[PDB]
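Chain by chain, the residues:
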Amino acid sequence: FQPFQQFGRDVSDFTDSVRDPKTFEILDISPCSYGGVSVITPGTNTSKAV
Amino acid sequence: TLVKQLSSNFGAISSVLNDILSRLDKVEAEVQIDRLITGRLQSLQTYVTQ
Amino acid sequence: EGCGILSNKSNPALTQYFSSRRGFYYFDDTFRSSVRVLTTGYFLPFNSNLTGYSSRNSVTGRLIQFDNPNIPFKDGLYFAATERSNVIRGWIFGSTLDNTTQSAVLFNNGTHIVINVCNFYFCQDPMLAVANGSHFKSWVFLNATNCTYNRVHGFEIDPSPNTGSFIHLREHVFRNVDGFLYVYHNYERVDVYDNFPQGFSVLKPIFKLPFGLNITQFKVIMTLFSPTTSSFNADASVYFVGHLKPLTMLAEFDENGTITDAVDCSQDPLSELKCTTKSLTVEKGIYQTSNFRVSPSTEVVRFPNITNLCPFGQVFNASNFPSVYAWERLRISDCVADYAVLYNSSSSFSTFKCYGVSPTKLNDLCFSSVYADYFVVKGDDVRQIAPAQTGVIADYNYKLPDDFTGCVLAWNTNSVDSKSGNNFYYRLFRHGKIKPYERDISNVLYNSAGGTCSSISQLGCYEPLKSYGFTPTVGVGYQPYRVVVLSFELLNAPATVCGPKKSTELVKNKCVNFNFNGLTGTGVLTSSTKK
Amino acid sequence: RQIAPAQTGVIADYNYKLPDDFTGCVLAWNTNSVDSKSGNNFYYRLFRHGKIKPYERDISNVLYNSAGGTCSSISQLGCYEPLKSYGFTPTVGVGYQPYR
Amino acid sequence: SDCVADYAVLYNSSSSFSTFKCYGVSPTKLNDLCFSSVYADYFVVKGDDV
Ligand SMILES: *[C@@H]1O[C@H](CO)[C@@H](O[C@@H]2O[C@H](CO)[C@@H](O[C@@H]3O[C@H](CO)[C@@H](O)[C@H](O[C@H]4O[C@H](CO)[C@@H](O)[C@H](O)[C@@H]4O[C@H]4O[C@H](CO)[C@@H](O)[C@H](O)[C@@H]4O)[C@@H]3O)[C@H](O)[C@H]2NC(C)=O)[C@H](O)[C@H]1NC(C)=O
Ligand SMILES: *[C@@H]1O[C@H](CO)[C@@H](O[C@@H]2O[C@H](CO)[C@@H](O[C@@H]3O[C@H](CO)[C@@H](O)[C@H](O[C@H]4O[C@H](CO)[C@@H](O)[C@H](O)[C@@H]4O)[C@@H]3O)[C@H](O)[C@H]2NC(C)=O)[C@H](O)[C@H]1NC(C)=O
Ligand SMILES: C=CC1=C(C)/C(=C/c2[nH]c(/C=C3N=C(/C=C4\NC(=O)C(C)=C4C=C)C(C)=C\3CCC(=O)O)c(CCC(=O)O)c2C)NC1=O
Ligand SMILES: *[C@@H]1O[C@H](CO)[C@@H](O[C@@H]2O[C@H](CO)[C@@H](O)[C@H](O)[C@H]2NC(C)=O)[C@H](O)[C@H]1NC(C)=O
Ligand SMILES: *[C@@H]1O[C@H](CO)[C@@H](O)[C@H](O)[C@H]1NC(C)=O
Ligand SMILES: *[C@@H]1O[C@H](CO)[C@@H](O)[C@H](O)[C@H]1NC(C)=O
Ligand SMILES: *[C@@H]1O[C@H](CO)[C@@H](O)[C@H](O)[C@H]1NC(C)=O
Ligand SMILES: *[C@@H]1O[C@H](CO)[C@@H](O)[C@H](O)[C@H]1NC(C)=O
Ligand SMILES: *[C@@H]1O[C@H](CO)[C@@H](O)[C@H](O)[C@H]1NC(C)=O
Ligand SMILES: *[C@@H]1O[C@H](CO)[C@@H](O)[C@H](O)[C@H]1NC(C)=O
Ligand SMILES: *[C@@H]1O[C@H](CO)[C@@H](O)[C@H](O)[C@H]1NC(C)=O
Ligand SMILES: *[C@@H]1O[C@H](CO)[C@@H](O)[C@H](O)[C@H]1NC(C)=O
Ligand SMILES: *[C@@H]1O[C@H](CO)[C@@H](O)[C@H](O)[C@H]1NC(C)=O
Ligand SMILES: *[C@@H]1O[C@H](CO)[C@@H](O)[C@H](O)[C@H]1NC(C)=O
Ligand SMILES: *[C@@H]1O[C@H](CO)[C@@H](O)[C@H](O)[C@H]1NC(C)=O
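Protein chains in written order, with the entry's author numbering: chain Z, 548 to 597; chain L, 946 to 995; chain G, 17 to 547; chain F, 399 to 498; chain X, 349 to 398.
Take these hints with a grain of salt, some might be off.
As the list claims (entries may be wrong) - Here are some chain G residues pointing at chain Z (derived, C-beta under 10 Å):
id, residue
1, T46
2, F47
3, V51
4, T55
5, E479
If you're looking for bench data, these hints aren't it; they were derived computationally from the structure.
Ideal Cβ positions, reconstructed from N, Cα and C, are used throughout, including at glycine.
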């Protein structure tokens with residue numbers, strides 16, 4: 548970061564990095580669930596397992 | 946039919962930007978300019994679609 | 017501190033130079049990386065004119081040269097100086113540059129950086145003198161009184177004069193908005209003598225000074241030199257001054273957040289092409305460009321020949337306004353609505369609510385027909401004088417339409433109509449609500465559950481009107497207030513009441529900003545043949 | 399009530415102006431018992447040629463000449479003092495009492 | 349509960365309201381509304397705490 552930087556933005560304009568005010572270190576922010584998840588099932592009347 | 950959509954209020958006090966901007970201060974101006982902007986943008990989107 | 021004087025000086029030669037691509041600054045503090053931004057503001061246009069002011073002097077044959085006039089501070093300045101040694105030391109900001117109005121100084125003392133905003137009694141030639149390569153004296157001002165702001169920074173320079181070919185180039189830009197003065201800084205080493213160096217430069221902010229100052233003029237403080245004697249002589253230096261203009265540019269940022277190059281829109285057709293596509297490199301082909309080569313700067317205003325002052329005296333400073341149930345209407349026409357003349361009176365409005373128009377834009381707009389309604393209310397009934405209200409007054413006495421366009425005025429009058437002539441009444445006990453802009457001056461005796469009791473002594477029949485108990489030494493509320501309601505009407509009819517704007521001369525075949533009875537716009541004016 | 403964005407009056411045009419899109423808070427409270435006794439130091443500016451800019455002030459006490467300029471004396475026709483005194487004194491109505 | 353809310357009978361009294369703010373409804377459209385359950389809270393404040 549810059550010496551007076553406090554948080555970093557992305558081209559989609561959301562904060563992905565921040566500087567901790569107490570200990571001057573740089574952290575990373577990412578969503579706690581990103582990426583798709585697909586569930587494969589047979590018919591619910593047919594079976595129960597997925 | 947596209948040039949005749951410019952005579953629509955779209956929920957604003959007037960269809961003319963000059964009537965709004967000369968009668969209201971700058972703070973109250975955006976809340977009624979935005980309606981005209983969104984309506985004209987929607988008209989342009991529709992025209993491009995057909 | 018004992019300012020020195022000069023007897024004869026040569027007339028300034030206002031030679032004009034060209035600024036190639038200089039005069040760009042960081043316009044905000046948002047951090048960016050690898051993006052191209054199109055921004056609008058006050059910038060110095062490319063290939064603009066810069067006026068030079070020299071200071072060199074020889075031993076004989078020529079008079080002294082000291083070009084320090086009152087340069088106007090219109091919307092911003094580009095100050096670039098190409099001195100050798102250290103001759104130009106700071107600037108003077110102000111409006112009249114005398115001790116009857118506050119002025120600011122920002123100059124290098126020699127051992128400090130001095131910033132003061134005081135009532136300065138400047139001498140004819142502000143300067144500071146050095147002798148034998150040492151800081152001798154500072155001769156900027158004589159007296160300084162009535163001020164608070166003072167900042168001093170430790171700094172050090174070498175005041176010894178040198179010789180050469182102007183190895184230093186220092187440039188600044190200045191602008192003040194919202195009470196903050198902005199100073200930007202850049203430095204690079206060049207080798208030119210009597211011409212403005214070319215290239216591209218970016219200015220970085222160093223100051224943001226919080227004084228609210230009306231700044232319209234500008235002056236430069238210089239330095240004198242002596243060969244260790246009483247007599248003082250000048251040295252070689254020159255600076256350039258440019259004015260900022262409202263225009264659009266495109267800025268390009270790298271991955272470190274610095275600006276590599278910028279494109280000034282509306283200079284040549286090539287820059288306009290890059291200004292629309294938001295890119296520095298353009299592929300071959302034909303492109304449809306937007307409009308940027310338009311600078312409407314002239315303001316033309318046309319208002320009718322109405323000149324008389326509008327009668328605010330007989331509608332505000334009158335006697336015996338009627339009660340609320342018998343309010344009166346007044347038609348106001350063929351006058352000039354100057355609201356500033358009400359400031360001179362002793363009465364101050366505690367309610368200045370406007371509905372259809374903004375209160376600030378009343379000196380520019382004009383109306384086709386206006387009306388005035390005036391009455392007297394209880395004091396805490398004033399909040400019922402509004403669109404869509406409920407109460408005694410809003411239901412039985414005075415109702416405003418919900419599509420109300422106008423303003424409501426109110427002020428407390430406890431010392432004039434609480435002692436004598438206390439015949440103020442309001443209508444209670446009505447069968448049904450009242451319509452907007454209607455009144456009923458009737459004293460029929462009210463009977464509940466069917467009318468026509470025809471006697472006050474019967475059971476259930478009451479007087480409709482109840483008297484305001486106006487008397488001195490009561491609280492706020494239960495105290496008389498005088499209310500004036502103004503109703504506006506903006507149509508295609510000819511205007512009757514128009515406020516105080518000085519009309520200008522008509523100009524045609526130019527892209528200007530016009531105003532025809534509150535019909536502001538942008539375009540050209542051409543003689544017509546329509547009926 | 400004139401200490402607000404987009405206001406008109408004596409204070410909002412000649413004394414103190416807040417800019418549009420102002421971010422912050424404004425505070426006010428009545429102080430009648432502390433500064434009403436022989437104060438005689440509270441003034442406001444009338445009679446200015448032109449409106450004031452946001453966050454700016456002018457402390458000047460020159461004579462005001464109506465429809466012109468550069469007045470000489472107070473006895474000259476159409477010449478007034480620019481500053482007018484608040485008439486602060488105890489036992490006056492609310493609305494004439496000082497507020498901080 | 350189980351009453352007819354006639355606000356016009358308060359005009360006959362000697363007390364006048366300095367505050368009649370309403371939230372979620374309009375003061376004019378109270379003679380036509382018909383509520384399911386209402387509650388009342390009453391206390392005394394300093395005057396500039398209103
Ligand atoms: C313009 O002016 C005209 C006249 O100048 C205004 O017209 C008047 O309008 C009012 C109301 O709209 C009207 O008052 C009614 O008159 C009736 C007689 O025709 C009364 O009988 C009536 O009172 C009772 O009768 C109704 C039927 O019984 C009840 O529904 C009503 O609530 C009253 O009943 C009471 O008593 C019973 C007893 O048990 C009780 O059960 C009820 O609950 C209630 O307590 C009204 O008072 C006038 O008569 C009209 N005037 C004329 C000359 O006709 C007109 O309104 C004005 N326009 C505007 C816009 O202001
Ligand atoms: C910063 O300070 C400067 C100077 O201190 C200040 O400039 C002043 O502006 C006012 C108004 O803009 C000027 O006052 C007017 O001056 C003209 C002459 O140019 C006079 O004619 C005016 O008098 C009447 O004119 C008309 C009749 O001919 C009338 O229609 C009109 O209503 C006037 O009654 C009027 O006095 C003043 O002259 C300048 N001062 C100087 C030294 O130039 C500037 O406004 C300040 N900036 C801000 C933002 O306040
Ligand atoms: C009076 C205003 C004034 C300003 C705005 C100013 C700013 C300024 N002067 C600098 C350097 C310097 N300042 C000067 C001299 C000047 N440069 C000037 O802007 C002027 C007017 C002089 C006057 C002689 C010199 C010689 C240096 C060299 C500092 C070094 O060795 O790094 C620097 C770069 C180093 C630093 O951040 O300290 C800044 C930002 N100095 C000033 O004196
Ligand atoms: C404020 O400015 C005025 C005039 O600009 C000053 O009055 C002059 O002071 C000089 C002192 O060098 C006298 O010689 C002149 O006779 C004075 N009058 C005029 C009309 O020039 C004044 O001294 C300044 N300072 C204050 C008032 O503190
Ligand atoms: C802030 O205080 C904590 C608590 O002791 C300390 O650990 C930390 O180093 C401090 N941060 C500073 C001084 O920047
Ligand atoms: C599940 O499928 C069987 C076989 O077709 C069918 O008989 C049964 O009705 C189905 N279950 C439901 C809940 O429809
Ligand atoms: C010097 O000043 C005097 C008085 O202003 C003037 O008459 C004279 O011409 C000046 N000298 C020159 C060389 O111009
Ligand atoms: C700028 O300077 C040139 C000569 O250097 C002159 O011809 C021109 O009129 C000046 N002004 C403008 C606006 O170009
Ligand atoms: C300015 O410099 C002089 C010496 O040239 C010094 O005496 C004085 O103290 C300096 N000013 C300030 C405010 O320190
Ligand atoms: C101005 O400064 C001088 C010193 O140069 C001093 O004698 C004079 O009293 C000052 N003026 C005022 C009004 O204090
Ligand atoms: C300005 O100075 C004068 C004396 O020179 C003084 O009477 C007055 O109170 C001062 N005003 C301010 C606002 O400091
Ligand atoms: C950007 O910053 C890095 C890190 O300080 C530096 O190595 C590099 O030279 C700078 N410039 C460019 C164009 O990457
Ligand atoms: C009307 O103005 C006169 C002076 O012009 C003043 O004495 C009087 O009190 C005013 N009446 C009002 C404001 O009702
Ligand atoms: C303002 O009021 C005073 C009296 O209070 C009066 O003498 C004067 O003529 C009025 N008008 C102006 C422009 O001062
Ligand atoms: C109104 O108040 C009076 C007393 O002020 C009372 O006699 C009367 O019964 C009340 N009601 C009506 C409908 O007048």
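Comparing the hints with the structure gives:
1. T46: holds, 9 Å
2. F47: holds, 6 Å
3. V51: holds, 7 Å
4. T55: Cβ of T55/G sits 17 Å from chain Z, so the hint is violated.
5. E479: Because about 69 Å separates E479/G from the closest Cβ in chain Z, which is outside the 10 Å limit, the hint is violated.
In this structure, the hints that do not hold are numbers 4 and 5, in rising order.
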